[PDB]
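Only one chain is given next, in structure tokens, and it is the form solved without the partner chain.
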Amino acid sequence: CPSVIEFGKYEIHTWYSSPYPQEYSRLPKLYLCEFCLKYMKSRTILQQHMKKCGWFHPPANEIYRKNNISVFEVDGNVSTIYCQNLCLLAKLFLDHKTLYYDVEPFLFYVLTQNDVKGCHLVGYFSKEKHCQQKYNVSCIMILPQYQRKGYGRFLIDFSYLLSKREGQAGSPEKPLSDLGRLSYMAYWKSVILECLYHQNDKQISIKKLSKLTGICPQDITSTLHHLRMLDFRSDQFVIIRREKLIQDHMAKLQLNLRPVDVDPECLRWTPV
């Protein structure tokens, strides 16, 4: 409780209960503006709002844009209502999402699929503005209708582009959602294989690989292990180069292609 939500052209059954107002949460189906994330108690209110509401995208600037794909760097201190609203939408699918009110100390990277009707929210990741114990992601969500389409990979990749460019290796803030866990593993496997191919006949340390990727060392060894590509050199965890697996991935990659892929050249601003 809540049970179902009306988001744009979709009706979505919630997986979890999100702390909404006592009167709004009680409702069977909760109505929402796919651009402003404002919750309304009826189908009729929604339609009245969709005539008034001038929003056809999130209340922020595009840190990224390539074709129909956009990343909106939404500052929690600036458009605070929307971000608090986003956290409430988030908590309907993310079990471990604790922060819903004090959004001002955070950043929200909002992924959108763009067309004539506007900038349709696909999902998001949140990042603390100043985190010494550096977690490049606190939360990461993908609306079910978008899950497994590769949008989740895109965010993970974008979070690492941000974190790696500012010199430090990063990780998501555990415990992840099981689909978040599953998407991070898929990413690490592809990245390491693709990165080892672009070295090809060049021996690289787990430390240098972590520098090139932005993935923290522990995440690399557990992934190399799963890839049946890990070993020891005393005080040194090492890469077993199964060169047939590296060439085969690259082959399938040219074939199947990437539908959503981060172009570092399409960023408006990257750190230093």
Second form
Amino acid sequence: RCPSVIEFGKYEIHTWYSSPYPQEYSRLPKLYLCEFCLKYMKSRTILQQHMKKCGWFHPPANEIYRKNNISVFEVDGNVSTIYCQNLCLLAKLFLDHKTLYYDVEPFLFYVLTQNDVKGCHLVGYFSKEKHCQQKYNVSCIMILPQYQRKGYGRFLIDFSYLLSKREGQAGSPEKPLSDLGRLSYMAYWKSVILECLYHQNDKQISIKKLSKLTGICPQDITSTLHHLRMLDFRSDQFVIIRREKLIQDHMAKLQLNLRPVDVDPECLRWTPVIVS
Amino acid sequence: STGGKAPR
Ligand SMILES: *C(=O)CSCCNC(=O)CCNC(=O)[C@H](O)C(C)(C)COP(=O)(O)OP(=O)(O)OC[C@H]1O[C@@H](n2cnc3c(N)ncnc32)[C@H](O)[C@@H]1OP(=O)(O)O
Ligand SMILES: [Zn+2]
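Show the form solved in complex with the partner chain, please, the one above being the form solved without the partner chain.
Full assembly next; the chain just shown is listed first.
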């Protein structure tokens, strides 16, 4: 509703929700955003003038991940504060339940970009609390509309699990999950569990073992196994019943429909480690 | 502390 449209790089995009841009820009219907620094401006002329002075061609942070034309930048809210507050204002136009936009200092923002000769273009991001008592491995996650349904959301979800698993603790997305989040996370969990069971043939695996190998918390694995119809209960606790054709057919579909956008652990420049 | 979807 307010603003209703934004210009961002080579696209004009309809907003889904209101975001609290400053009073002067609040009642403005269309905002012009710089695609590199995320500064909000009132007109195309002001944007064109800004683009001549703007020195950034990628987010103001170091590249934690790079493979082919894809990068992830680890942006610290306590360091690139203005950029992160501008990113939060941008994300609120597409996340109805994101409430944090100003106190960004306790958060990290993993900004995903698709790169070409004009720079590192922002595709989306996920934020995470540096220290979360609930072990939420993602606070908010958003892929811009023109980049949705291309495997970027799965990439970022998988990246979030790579970090929380390398730091030895299972995590889960912060709730509530949007409708798209519910579909996306379940598809991720299902694909991960199925590919994990395929590679662990010689092991009567358990929810606990699946949780350690994947970083997915036990309750989310339990829900996923319930969705896959691989749970049974006789007496004390759930037993996993493998549905072999479900496992074997998923792996066959994966071998023909490759995952072109896929997190390669060897392409992280720095990875978490539990300190001695 | 409180996250980005923390009810306000
Ligand atoms: C709090 O922040 C957590 S919940 C809110 C986060 N997202 C949100 O609502 C903001 C707007 N949406 C997004 O940013 C975006 O849609 C995501 C991040 C929710 C999902 O990312 P992608 O759009 O890039 O998803 P993909 O990685 O391409 O898809 C993975 C699988 O998810 C299922 N899926 C996704 N969109 C679907 C729709 N519209 N309908 C059905 N199923 C959908 C699919 O299984 C998809 O895999 P496919 O192989 O089928 O493509
Ligand atoms: Zn700029």
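Just so we're on the same page, rigid core means the largest C-alpha set that superposes within 1.5 Å between forms. Positions refer to the first chain, counted from 1.
*Asks:* For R233, is the CA shift between the two forms at least 2 Å following rigid-core superposition?
*Replies:* Where the cores coincide, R233 still shows a C-alpha shift between the two forms that is 2 Å or more.
*Asks:* After superposition on the rigid core, what is the displacement of the C-alpha atom of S25 between the two forms, in Å?
*Replies:* Its C-alpha moves by 2.1 Å once the cores are overlaid.
*Asks:* Would you mind giving the Cα movement of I140 between the two forms in Å, after fitting on the rigid core?
*Replies:* Its C-alpha moves by 0.4 Å once the cores are overlaid.
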